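Dock chains B, C, D, E, F, G and H with the ligands against chain A, hints included.
Here's the letter readout for the chains.
There are 8 protein chains.
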Amino acid sequence: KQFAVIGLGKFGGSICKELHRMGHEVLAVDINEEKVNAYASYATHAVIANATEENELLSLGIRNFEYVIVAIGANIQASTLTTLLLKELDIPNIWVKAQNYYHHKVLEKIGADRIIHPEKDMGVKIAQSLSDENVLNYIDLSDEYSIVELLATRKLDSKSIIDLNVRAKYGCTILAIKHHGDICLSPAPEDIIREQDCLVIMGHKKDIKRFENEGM
Amino acid sequence: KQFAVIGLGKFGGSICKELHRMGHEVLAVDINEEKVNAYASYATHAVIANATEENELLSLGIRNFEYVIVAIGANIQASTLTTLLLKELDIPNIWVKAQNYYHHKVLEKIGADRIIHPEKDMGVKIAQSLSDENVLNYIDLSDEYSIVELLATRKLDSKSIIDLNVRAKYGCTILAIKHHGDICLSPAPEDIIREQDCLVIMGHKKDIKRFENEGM
Amino acid sequence: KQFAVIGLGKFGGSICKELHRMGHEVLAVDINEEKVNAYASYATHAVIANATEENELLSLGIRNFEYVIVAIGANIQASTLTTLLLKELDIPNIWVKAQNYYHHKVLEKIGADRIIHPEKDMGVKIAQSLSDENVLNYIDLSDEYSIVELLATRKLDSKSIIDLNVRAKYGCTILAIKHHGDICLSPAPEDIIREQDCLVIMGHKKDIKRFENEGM
Amino acid sequence: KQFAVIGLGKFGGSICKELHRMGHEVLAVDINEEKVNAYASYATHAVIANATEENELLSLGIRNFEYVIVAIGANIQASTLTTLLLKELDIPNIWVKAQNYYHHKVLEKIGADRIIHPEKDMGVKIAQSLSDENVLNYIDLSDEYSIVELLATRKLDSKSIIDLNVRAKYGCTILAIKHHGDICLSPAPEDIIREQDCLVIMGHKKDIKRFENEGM
Amino acid sequence: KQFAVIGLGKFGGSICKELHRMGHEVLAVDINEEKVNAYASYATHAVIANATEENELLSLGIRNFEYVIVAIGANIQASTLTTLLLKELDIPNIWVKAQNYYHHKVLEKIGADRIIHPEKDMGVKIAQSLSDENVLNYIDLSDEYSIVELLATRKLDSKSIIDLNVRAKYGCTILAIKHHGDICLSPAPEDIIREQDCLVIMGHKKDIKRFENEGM
Amino acid sequence: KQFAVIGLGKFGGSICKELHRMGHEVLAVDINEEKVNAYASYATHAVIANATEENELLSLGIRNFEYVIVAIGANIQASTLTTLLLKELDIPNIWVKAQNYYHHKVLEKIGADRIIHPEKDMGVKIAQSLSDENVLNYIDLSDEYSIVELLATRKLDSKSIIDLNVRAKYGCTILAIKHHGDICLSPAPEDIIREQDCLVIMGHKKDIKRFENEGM
Amino acid sequence: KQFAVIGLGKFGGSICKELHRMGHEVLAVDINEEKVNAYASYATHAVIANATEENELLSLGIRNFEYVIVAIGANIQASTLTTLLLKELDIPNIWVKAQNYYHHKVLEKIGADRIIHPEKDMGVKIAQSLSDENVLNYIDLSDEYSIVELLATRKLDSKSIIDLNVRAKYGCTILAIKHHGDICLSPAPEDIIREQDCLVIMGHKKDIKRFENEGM
Amino acid sequence: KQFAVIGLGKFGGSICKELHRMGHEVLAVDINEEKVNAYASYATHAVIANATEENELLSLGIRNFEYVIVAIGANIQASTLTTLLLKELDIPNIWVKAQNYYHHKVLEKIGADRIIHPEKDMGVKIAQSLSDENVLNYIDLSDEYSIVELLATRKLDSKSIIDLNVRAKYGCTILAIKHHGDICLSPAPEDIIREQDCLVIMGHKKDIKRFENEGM
Ligand SMILES: Nc1ncnc2c1ncn2[C@@H]1O[C@H](COP(=O)(O)OP(=O)(O)O)[C@@H](O)[C@H]1O
Ligand SMILES: Nc1ncnc2c1ncn2[C@@H]1O[C@H](COP(=O)(O)OP(=O)(O)O)[C@@H](O)[C@H]1O
Ligand SMILES: Nc1ncnc2c1ncn2[C@@H]1O[C@H](COP(=O)(O)OP(=O)(O)O)[C@@H](O)[C@H]1O
Ligand SMILES: Nc1ncnc2c1ncn2[C@@H]1O[C@H](COP(=O)(O)OP(=O)(O)O)[C@@H](O)[C@H]1O
Ligand SMILES: Nc1ncnc2c1ncn2[C@@H]1O[C@H](COP(=O)(O)OP(=O)(O)O)[C@@H](O)[C@H]1O
Ligand SMILES: Nc1ncnc2c1ncn2[C@@H]1O[C@H](COP(=O)(O)OP(=O)(O)O)[C@@H](O)[C@H]1O
Ligand SMILES: Nc1ncnc2c1ncn2[C@@H]1O[C@H](COP(=O)(O)OP(=O)(O)O)[C@@H](O)[C@H]1O
Ligand SMILES: Nc1ncnc2c1ncn2[C@@H]1O[C@H](COP(=O)(O)OP(=O)(O)O)[C@@H](O)[C@H]1O
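Residue numbers (UniProt numbering), protein chains in the order written: chain A, 7 to 222; chain B, 7 to 222; chain C, 7 to 222; chain D, 7 to 222; chain E, 7 to 222; chain F, 7 to 222; chain G, 7 to 222; chain H, 7 to 222.
Treat the hints as calculated values from the structure; they're not laboratory data.
Careful, some of the hints might be misleading.
Part of the chain D face toward chain E, derived, beta carbon under 10 Å [unchecked claim]:
| # | residue |
| --- | --- |
| 1 | 58 |
| 2 | 70 |
| 3 | 108 |
| 4 | 115 |
| 5 | 116 |
| 6 | 117 |
| 7 | 121 |
For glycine and all other residues, C-beta sits at the position ideal for the given N, C-alpha and C.
Chain A extracted, bound-state conformation:
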């Protein structure tokens, strides 16, 4: 699979650097010479180009790539024009970073395959950790059920899983325990939990919160 990342900023650069680490063919494209030089090490190839210019875009051989990521930030107009050009060149997947609701809409209309709101999405998750000091990370299975990574409190120190009757008191199941960085999966009822451990609980959203209120 070949990847082209247009706009080597905070978002696009991270994508480029991460994709490269996984051992993928990644083309980094940026209008700023300094940006291109920086990511020369972190890309298969890095090229200075203006994505709004079709001739420059064609010069890259951009038609070859199955995934092209438009991560241009502050010039929303440049972002729009680029997406329009890429769609004209029949790029299979065009993923674009959006700046606002209106920008999301025009991208949606002009045929962006995937639209991303990095700041907006993270804002939600960080807010979850703000409201609940206990939650470290989570993943939602549905509207009602979820898997949550919790930070163990002192109330859970030296408690066993069978001691913490979570399937019966709360209808939830404990999936993992992380102790001093070492992790345990599908932990047995005899396993003990100590403070500052990572605890992975799975169940109904309301049920988990009750475990947090009463249990920890």
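Leaving out everything else, chains B, C, D, E, F, G and H with the ligands in the frame of chain A:
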């Protein structure tokens, strides 16, 4: 708990709006009048203020708040100065959005309690989804272990959980199956999977990938 | 013919006000109540509406109009999305005011029927009037030929058309003379020109300038 | 004569670029470095300066220029303040772009020599072209008479000038024909008109419209 | 009747402080924080604000005040812009301190209701007292007539009013005599004057000087 | 008598220029060459000098002058230092313009003969005219008595002096009437007052105000 | 001896705090309540007072003190007035901190006993340490001779005093050596110097620099 | 070595003026026009610039300088912000003036190479001179030993260095005698001391003091 969100941008605004939805006391603060007006519905109070001015911060009554979030983006100097002011006002928790590695370092030195990289973090997650079309979402328990939400292919159509002997062959456990919106938790070995369903697997990262290559 | 003018600014407002004077059915649409109130007198109907909202657009019954003018200025995003929305509603003629070179390109791509650059076009005309203080107004037939309205000097005072033999000496023709508001068309060779009158000459651009240098 | 253009916007930039093309000495002045860089090619000299600052204006040697154009747009205060300085320096001709009616009035009081409303003026012209799509361009001789450039229709295809007897039937005269970019001035009665040609007719406004309705 | 004093300097501060002493509603406005704190005691309300900024001016509720005094001194640009805003906001009475002759001209054109030259006026008044040691204070009724307060000399000691026939000999009338703090109004012909008393004479300027030269 | 004016500002300049009209020997002194050039016409002699420099002070022959006025403004130290220098040179009369209360105190201590507060004094007078729109000008004889110049209103239109019996009803006396610039002194009881005339009344401060409320 | 320190700033406060450590009677005086509160522990007495007010000055009984230090900083007017007042009370020693050249001059004239320029003096010393990284501290005996504390380099490691014969070669004498905190005074010719030790040399300024360039 | 001094105040200016005197390359930088103008004579180059602005700082070519001294006056934010930029530009040596204990801490954290307290340090030294009337200046070798410059009293008049048996009695050494400005270094036992001469003694602090008590 009272929360103050300074800088109502894409990141800060989402935090504020989400915190407000959960029914928390949130103070929205921004130097731009237009930004403050927009989030008026989504905050307990919304105030036009310069966070770099010590006198203005006191007018807000910022000492009252347990959590103050500095989500100023493009002006690194204001972000730094604001963070610097808040520590002098002895704010318990100061969370700040960072723009680069160097900005992260100065925040760390001047006593920021939490430093966040929304664009950087999302870049990684999206890169994982770019490289592997099968993964919809994931959460990392540690460097080696993770919980992954997968999109079932036709190679997995009408296969049983005991058929996909994941607990022994790959050392991973399946946590959930989502079929037509209907959700199944901790599914039994007799349960069936149909294509384009969501599959939630838990285990070591390499083990999951092996399941992806060989199984699906 | 029905006309809809979206965005009651300097440009759009002038369009609406002038069209109304000619006795056309003109629908004035603006997001600002004050703007709508201002043009209540100068339109057939005036409505407060957000043009980026499809449901509001349908409430206007905008599909009926043969010409829709998008004159939103500072919000390039709204202009693009509105233009984009109007095309999906199959509006016959969509005229849009452009803010920059890139805005021009997206409008061209998303199917704007006519794109207008009011400032750029006036800049050209005013520059011509700057170099030649004598020219009041003009119209270009081509790159080389033009029709120009001139302000008569004392050098042309009490001069006859046959006296200023421009048809042979300069290969130019005098089309009209305006005296004290009274107008004369295709004036006879015996007709006199007085200073501070309006003089309309037609010919080659270089040839006209020769008349200005030598004649007046 | 030397020209100075303050404010390199859509209007000011166009003025400067066009004046430069005519081979005049034009000084491009703008407070934004990016604007100055852009018009460096299109000006004799380009300088970064704040026009509201008397010392910076003197550094330019602005007293030398016969014409100074203030094309600052969104900052009415800077536009006003700059204009005020120029009159103090006894600048011969001060032409200023106005943003609103009140701005027009203050400019008039403080001694602006010419006041321009680019958007407002174009609004009228575009409205004329909206009502009549046949007219390409025009110039008004008076309230009642005008010279109009028309887009020839099929009703005029392969028609001769003597065939379309406008001089007697409509009291109008045909001044020019533009065919294949090639231009014909004061055409003889035998000359033919083909569709999609430019036709320049002269007469009373009502009479021309009658020619448009009946003739084409 | 509400008063707003913009610019708390030597002049404006005195106005505000004196207006306050009479028990009027006075709003003290200054851009400097240090100035505002000082006149908090001597004003009904004192606010830190930039008077050139329309949004800050409206926050003051400046539309409410019948009289607004612009006493900004050294920044002629600020004085002008502030004055311009106030006329634009339709403030009934705008009194402005002028710095020079030209500043007087721009203020008059932009609609200042009263223009004051405190230093200029006092210079004249003090100069009169420099040239003539006898005059303590005076007031001009016209270009030619005045009322003057004189310091009685030894030549006037123990002189009666009927002795000094200023009413017939000099065409002037003595209005008052002030002796040891005790005051005499419209003194009778029998009343006596002693040296170093305050003497208030009324008449023509030339006639008073003749009384000073011949009489005193 | 010879006069030296040090510091040719708004205050000092006015003194010098006014003194010059009266035909006095005036030395204009200023550190700024441009100020000196301006007042060359308005002074007996004009010299560039630093008043804080003792050697320069002696070169002027400042010892010759009976009155030296220090009207330096923004550098309070220079004002103090010059005044301090002049007193050690035993200058007969040293008049100094003061910037604030503390500056008044040091000048008083170090032997300034007269201290002037031009802005402060005018502030008071202007405030009186602000509070009372009727008063044009005034002079105080004591704490309780004053002479006031009034602007006649319509309530005083076509009124005689005997009609407005202020001598008995208000215990005040009318001194003068000014009509269309024409002036009348010590007017007879038959004389009439019309609105927009100047009226000069003399009496107790409280009494005059009573006349203003009830009479006009 | 009793000391009075007026103005508890960086300068005055340090004086006050250090004098107290030596066990002297120190009166701390400041107009700011917070300043007085801060130095309550570090003074014999701490009093809130305005030093410019004579009645308050008498209330302190400041006439009793042999030394009064005026360390008021930002208000040059207060510093002058206070210093001026103290001389009226015939205070034996009045030491005052000066803000500029003019402030020094007036203080000199009004009888300040000692005038100090802390920033200016340190500015000189820091510049010496800036030019020469080797010098740690120094004291000037005159314009030409000095005693300097140096940081030993590797070039001086294990060198004897007789080895570095500075008394004849450079005309300088070594006064002391500091090794690992242990101190040696007037060291014998056999004593050794090691790097990173403190070295005290005495001689001509230029000669010492020659020793630094060639010797170390 | 090249030096840049930001903030031309009492401290920074003294540094700049002194470094320039030594014949060093010194860049004087200040936002105030007079300050830059004032030290123009005393610096290699002087530029008006805001040090908190990276672009203005880069225009200076600040990267060239080995030493940058931040003497911004009282805006701890400006001092902090400037210091922050210089560390980001990898400036070799960053010396900063601190305003308080807290300003010292932030400077320490953000990587100031040297932090200076001019007023505070001088306060200590001056306090030493206050307590001991004899000491003119001193330098501390350690907590217990010092080199001291004394002002000779009448008790030391016409005393010889063998007469003052300081060599044995007080364990102190006389290093220099300064007579009428002429200096004697390492003076011989026959040399005499006269009153009001400068005397440089070296030894233990308490022992030096006893010599002051008994000897002078
Ligand atoms: N026309 C263009 N062509 C190519 N790259 C561009 C163009 N315009 C901007 N960029 C690049 O996009 C990046 C801007 O991203 P940025 O504003 O940092 O957003 P974020 O930080 O959220 O990724 C910059 O690296 C810039 O070089
Ligand atoms: N000194 C300040 N005080 C308060 N708010 C500020 C200050 N400086 C900037 N801001 C606000 O912070 C916001 C930054 O948002 P933005 O950078 O767009 O977030 P993101 O980078 O996540 O999109 C801006 O809307 C701006 O108005
Ligand atoms: N979403 C929207 N829907 C309709 N009208 C809008 C919308 N957004 C802005 N406008 C209107 O467009 C106008 C823009 O005019 P302006 O840019 O000031 O003048 P011009 O563009 O003619 O130079 C504004 O008056 C505003 O009310
Ligand atoms: N104080 C100032 N001095 C000089 N140029 C200025 C000043 N303020 C604004 N400008 C310039 O005026 C220009 C305004 O252009 P713009 O408003 O975009 O075009 P238009 O007026 O046609 O809409 C900007 O390029 C800006 O740099
Ligand atoms: N934009 C502004 N808004 C409000 N006040 C201002 C503004 N600019 C200046 N000022 C104030 O105006 C005052 C000018 O006073 P000054 O020059 O001392 O006049 P005077 O000579 O009469 O004392 C200053 O105190 C300043 O704070
Ligand atoms: N040391 C000095 N010697 C002589 N004249 C000076 C000195 N310092 C300033 N001046 C002059 O004194 C005048 C000060 O007046 P200014 O500051 O305008 O106050 P104002 O306008 O209220 O009189 C200026 O013209 C200045 O050039
Ligand atoms: N009129 C006054 N009477 C007494 N103390 C004063 C007066 N004015 C100022 N001060 C004090 O003098 C101090 C000045 O110190 P500051 O200027 O902050 O630092 P520095 O001592 O370096 O100049 C202030 O702390 C203030 O409290
Ligand atoms: N951003 C800046 N860039 C350059 N110089 C500055 C800046 N901000 C302030 N300054 C200058 O720093 C100088 C130092 O102020 P001051 O209080 O005199 O300090 P000090 O007397 O201790 O040196 C001031 O003269 C001021 O003009």
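Tested hints:
{"no.": "1", "hint": "58", "in the structure": "holds (7 Å)"}
{"no.": "2", "hint": "70", "in the structure": "violated (22 Å)"}
{"no.": "3", "hint": "108", "in the structure": "holds (6 Å)"}
{"no.": "4", "hint": "115", "in the structure": "holds (5 Å)"}
{"no.": "5", "hint": "116", "in the structure": "holds (6 Å)"}
{"no.": "6", "hint": "117", "in the structure": "holds (8 Å)"}
{"no.": "7", "hint": "121", "in the structure": "violated (15 Å)"}
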